[PDB]
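There are 2 protein chains.
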Amino acid sequence: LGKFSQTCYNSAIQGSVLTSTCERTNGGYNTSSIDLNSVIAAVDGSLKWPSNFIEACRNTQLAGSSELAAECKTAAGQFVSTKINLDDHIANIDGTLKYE
Amino acid sequence: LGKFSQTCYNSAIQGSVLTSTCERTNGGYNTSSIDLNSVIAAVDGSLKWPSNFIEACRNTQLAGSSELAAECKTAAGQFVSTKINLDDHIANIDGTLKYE
Ligand code: NA
Ligand code: NA
Ligand code: NA
Ligand code: NA
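As given, the protein sequences belong to chains A and A', one line each in that order. A prime marks a further copy of an entry chain. Here the first sequence is numbered in the entry's author numbering, starting from 1 and rising by one per residue. Here the second sequence is numbered in the entry's author numbering, starting from 1 and rising by one per residue.
Calculated directly from the structure, the hints in this document are not laboratory data. Do not rely on the hints blindly, as some may be mistaken.
No copy is singled out in the list; a pair is fine if it fits within one copy or between any two copies.
As a list, the in silico DMTMM-like pairs of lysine to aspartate or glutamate whose alpha-carbon atoms are at most 20 Å apart [to be verified]:
1. 48 with 94
2. 73 with 23
3. 3 with 94
4. 83 with 71
5. 98 with 67
6. 98 with 87
7. 83 with 35
8. 48 with 67
9. 73 with 87
10. 48 with 23
11. 48 with 87
12. 98 with 71
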């Protein structure tokens, strides 16, 4: 996976955004950016790649009126029960669900 | 923050997606969805809210050709040095930077 740096140049980071100028298949280049804020996490002082839950969890369900429940895989490899209250961060903003 | 469930109904979870029918300011309702995959993480079997790095880190820089370096806050409250190789997951796809 990855390996952008091998065929890109003029790379820069500002805040959470990576910008680089990269080779196209046909020759020539294109400059683009990617905002990494939501794809890199800071965990106890260490930068980590994301741990999106669907890649580690099964049997997602709504529990009650606001809880997301699932069975998720531990580092040891077993699935354990877990839940999280969606009311912590999901808001009704004038009729539309939004994260805050 | 959050609290959608207080003024929404007919909520459902399928996979990583929450769907609900929520009250608008003017009365009446709107049905919407939100894909939580990238806003909820699975960490060692436990669902957690995101830890986007910019909310915990300072002095982001490009180190060399492909590393993101920063100083990030530990649970204890001190900033420590950390880095992550963007080549792990950022690809040049025909001239455009993409996460994979
Ligand atoms: Na690829
Ligand atoms: Na499943
Ligand atoms: Na709000
Ligand atoms: Na800063």
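Hints, one by one, checked against the model:
1. 48 with 94: neither (34 Å within a copy, 26 Å between copies)
2. 73 with 23: Answer is neither: 39 Å inside a copy and 36 Å across each miss the 20 Å cutoff.
3. 3 with 94: Intra 42 Å, inter 13 Å, cutoff 20 Å: inter-copy only.
4. 83 with 71: Only inside one copy: residue 83 and residue 71 sit 8 Å apart there, 31 Å across copies, limit 20 Å.
5. 98 with 67: within (16 Å within a copy, 32 Å between copies)
6. 98 with 87: Answer is within: at 11 Å inside a copy they meet the 20 Å cutoff, but 31 Å across does not.
7. 83 with 35: Cα proximity of residue 83 and residue 35: across copies only (17 Å, versus 29 Å in one copy).
8. 48 with 67: Answer is between: at 12 Å across copies they meet the 20 Å cutoff, but 26 Å inside does not.
9. 73 with 87: The answer is neither: 24 Å in one copy and 26 Å across copies each exceed 20 Å.
10. 48 with 23: neither (27 Å within a copy, 38 Å between copies)
11. 48 with 87: between (26 Å within a copy, 13 Å between copies)
12. 98 with 71: neither (25 Å within a copy, 30 Å between copies)
Hint compliance for this structure: hints 1, 2, 9, 10, 12 are not met, and every other hint is.
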